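**Q** Modelling step: build the complete structure from the supplied sequences, incorporating the hints.
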Amino acid sequence: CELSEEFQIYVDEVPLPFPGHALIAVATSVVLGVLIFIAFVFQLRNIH
Amino acid sequence: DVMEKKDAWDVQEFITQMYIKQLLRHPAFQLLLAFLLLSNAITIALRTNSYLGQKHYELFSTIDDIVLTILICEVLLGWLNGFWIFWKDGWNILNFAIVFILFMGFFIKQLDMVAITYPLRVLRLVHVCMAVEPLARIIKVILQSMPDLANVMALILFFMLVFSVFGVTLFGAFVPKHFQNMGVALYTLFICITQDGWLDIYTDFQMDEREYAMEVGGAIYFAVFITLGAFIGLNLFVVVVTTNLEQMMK
Amino acid sequence: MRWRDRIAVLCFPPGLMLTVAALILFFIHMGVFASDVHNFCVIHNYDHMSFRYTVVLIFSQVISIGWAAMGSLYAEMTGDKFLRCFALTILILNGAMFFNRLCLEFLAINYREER
Amino acid sequence: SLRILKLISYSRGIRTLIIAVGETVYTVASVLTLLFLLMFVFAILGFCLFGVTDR
Amino acid sequence: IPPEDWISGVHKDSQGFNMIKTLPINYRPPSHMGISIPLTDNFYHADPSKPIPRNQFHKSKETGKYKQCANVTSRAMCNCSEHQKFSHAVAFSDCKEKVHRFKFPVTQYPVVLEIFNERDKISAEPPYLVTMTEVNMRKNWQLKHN
Ligand SMILES: CC(C)CCC[C@@H](C)[C@H]1CC[C@H]2[C@@H]3CC=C4C[C@@H](O)CC[C@]4(C)[C@H]3CC[C@]12C
Ligand SMILES: *[C@@H]1O[C@H](CO)[C@@H](O)[C@H](O)[C@H]1NC(C)=O
Ligand SMILES: *[C@@H]1O[C@H](CO)[C@@H](O)[C@H](O)[C@H]1NC(C)=O
Ligand SMILES: *[C@@H]1O[C@H](CO)[C@@H](O)[C@H](O)[C@H]1NC(C)=O
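Chains as they are written, first to last, in the deposited numbering: chain A, 1039 to 1086; chain B, 42 to 291; chain C, 1 to 115; chain D, 150 to 204; chain E, 845 to 990.
Hints should not be assumed to be uniformly reliable.
In silico DMTMM-like pairs for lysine to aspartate or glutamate, Cα to Cα no more than 20 Å straight-line [claimed, not checked]: (1) E/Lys965 <-> A/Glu1043; (2) E/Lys905 <-> C/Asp47; (3) E/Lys942 <-> A/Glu1051.
Label-pair distances were calculated between CB atoms; the ranges are [unchecked claim]: (4) E/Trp850 <-> C/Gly95: 50 to 60 Å; (5) B/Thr244 <-> E/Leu973: 54 to 64 Å; (6) B/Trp132 <-> D/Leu181: 37 to 47 Å; (7) A/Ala1077 <-> B/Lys96: 29 to 39 Å; (8) B/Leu118 <-> D/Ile153: 52 to 62 Å; (9) E/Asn990 <-> C/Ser50: 40 to 50 Å; (10) C/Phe33 <-> E/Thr866: 36 to 46 Å; (11) E/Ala968 <-> C/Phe33: 52 to 62 Å; (12) B/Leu93 <-> D/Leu198: 38 to 48 Å; (13) E/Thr977 <-> B/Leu77: 47 to 57 Å; (14) E/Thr866 <-> A/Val1052: 18 to 28 Å; (15) D/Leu198 <-> B/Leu77: 23 to 33 Å.
Hints in this document: simulated from the structure, not taken from any laboratory. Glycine residues also receive a C-beta, built at the ideal position from the N, C-alpha and C atoms.
**A** This is how it looks when you write it as structure tokens:
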């Protein structure tokens, strides 16, 4: 006779797939970039 | 001189002057980078503990991405001034290698594990901290002293080989498992050169013929050799240190 | 000079062209954003939505942002307000479109694949 | 023992020796920081080499 | 997990983690093309009286077969029993509500099998080779064995 069994497993709290990590990294990178560049433009324009 | 109207290359040199004015002379940007690196160092010290990492693993991944992207942004900004000068530098090669290994292990699958991710981060911690002045002189003179350390190390190893021939004549298959295997024998001799706790070895070859045997001879030869070599090595170390440090004092 | 000849050859005047490249990057990225929104809303054809090219067009996004910035900086010294307004408007629209696509991709996260 | 340290706070000759050796505080602090960094490096290396495997 | 907290469904493992979860109404397991689109045609907590969740897109709506909780009106109309409240098998899943829970990376989950032999209970033997299947067409699991 066929001895078989079945069971169920629920898992949760996936931290993040790949695009979430990619998005937060590039978002912080470009935020730093635009902040430094706004400072650059402000200084170089106010010298003139 | 008077410079009635600037040209294209004066404009380019001026632009590079503002580019090196920030993030290379401003203490604020370097202070922020050091603050971020000390924060991720604190999170590194918060590891070796899963009870903390269960609510922190996602945040650890995010701050890993943040420090990696600011590192590669710094490397790209350094490459902006020119690839030749960044390639031809004494120390920027190390930061480039660090970020290259870290990014290669990050984006592409790798067997690098924490044993690569964390030591590379603390190497970057060191490379940031030496730029702030009051340890730069000591690290500079350490790297100035090491080429003079090299000859002392080479002479010590050569002398230890030419005395390890005399060693291995009375070694192997008798008082074994530390005098055998000809490289484990060499490293046990090195252990005794470091001169701590060889009384286990002293009891190892003890009771050869319970009064003198070779229990006298091999022990006294190896002991006088050990004490002479240990004194010579420790001296040569401290004297090379002070010799290369006098170069600092000039 | 002979803009004529400027546009003549060998290469071209300063920057400029490098600024108008961000414009055509904005054109193509706006088209891709429109296709993404159109496929998300009505037709529901996730088979051919841009789930597949994910990081490479984000890298295109970021190099376009840096390019528009560098063009603005390299074109500001002409002393004329119109060029500065041109470059700053392009920078603002590129930044807005980047943030919009970042929000869109962060929203549609349960639809690509799972790790 | 802190009170004994306050006892030894006298003896101006010890004060002159302290003055002569007190400019090395920055140097010993720098070497202590170097020791701490190297200790941290090999701490994480040793944990990842022998503590992570848990055998 | 004790049966009284199986009925209650609010158990905690002394650390802040819910050890039991009641599944959403008209739930289907995710598919490969996305975790918000069902293509598995097997219904858990099947109830026809309520509208269908997570069921945009054509192939999602072209699947899902109500086996036990059929066109008899709803979950209280589609009567089940206790043996359908503990059967971890398929085709009894229309009245499956409460399942277990786990952290995200499970590690070394013990799949231990025992056999009754009319006198005692023994373990599965090396002559008794075993095959694995997932009945919802998923591909992000693996087994360690020697
Ligand atoms: C190479 C530089 C200039 C960046 C330009 C990127 C271009 C070449 C990329 C980015 C957006 C891309 C398109 C995005 C969406 C679609 C529809 C999809 O169902 C198949 C791929 C397809 C048809 C892509 C083809 C290539 C494409 C147009
Ligand atoms: C109602 O349920 C019966 C039971 O199987 C089924 O045969 C029949 O087709 C169903 N009718 C409709 C309209 O769904
Ligand atoms: C129990 O369910 C069966 C079909 O699932 C149905 O035929 C029967 O009438 C139900 N009994 C009651 C009391 O509802
Ligand atoms: C499976 O897990 C058990 C319990 O930890 C362990 O003893 C056994 O070695 C594991 N087997 C394999 C193949 O990993």
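**Q** Each hint needs a verdict: does it hold in this structure or not?
**A** Hints, verified against the model:
As the CA atoms of E/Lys965 and A/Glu1043 are separated by approximately 16 Å, the hinted pair is consistent with the 20 Å bound. Taking the CA atoms of E/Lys905 and C/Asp47, the gap is about 16 Å. The hint holds against a cut of 20 Å. Annotation: proposed proximity of E/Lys942 to A/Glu1051 holds, straight-line Cα distance about 18 Å (limit 20 Å). For the hinted restraint 50 to 60 Å between E/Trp850 and C/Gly95, the CB-CB distance of approximately 54 Å keeps it satisfied.
Our hint of 54 to 64 Å for B/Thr244 and E/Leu973 holds, since their Cβ atoms are close to 56 Å apart. In this structure the hint that B/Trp132 and D/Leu181 lie 37 to 47 Å apart at CB is violated, the actual value being about 23 Å. At roughly 36 Å, the beta-carbon separation of A/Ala1077 and B/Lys96 lies within the given 29 to 39 Å, and the hint holds. For B/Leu118 and D/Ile153, the hinted distance range of 52 to 62 Å is satisfied, since their beta carbons lie about 57 Å from each other.
Checked against the given bound of 40 to 50 Å, the beta carbons of E/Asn990 and C/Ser50, roughly 44 Å apart, stay inside it. Separated by about 40 Å at the C-beta atoms, C/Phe33 and E/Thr866 satisfy the suggested range of 36 to 46 Å. Under the hint 52 to 62 Å, the C-beta atoms of E/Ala968 and C/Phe33, about 56 Å apart, fit the expected range. About 21 Å separates the C-beta atoms of B/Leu93 and D/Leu198, a value inconsistent with the hinted range of 38 to 48 Å.
At about 48 Å, the CB distance of E/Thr977 to B/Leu77 agrees with the hint of 47 to 57 Å. A C-beta distance of roughly 20 Å is found between E/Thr866 and A/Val1052, which places it inside the suggested range of 18 to 28 Å. One distance hint, 23 to 33 Å for the beta-carbon pair D/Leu198 and B/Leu77, holds here, with the actual separation near 27 Å.
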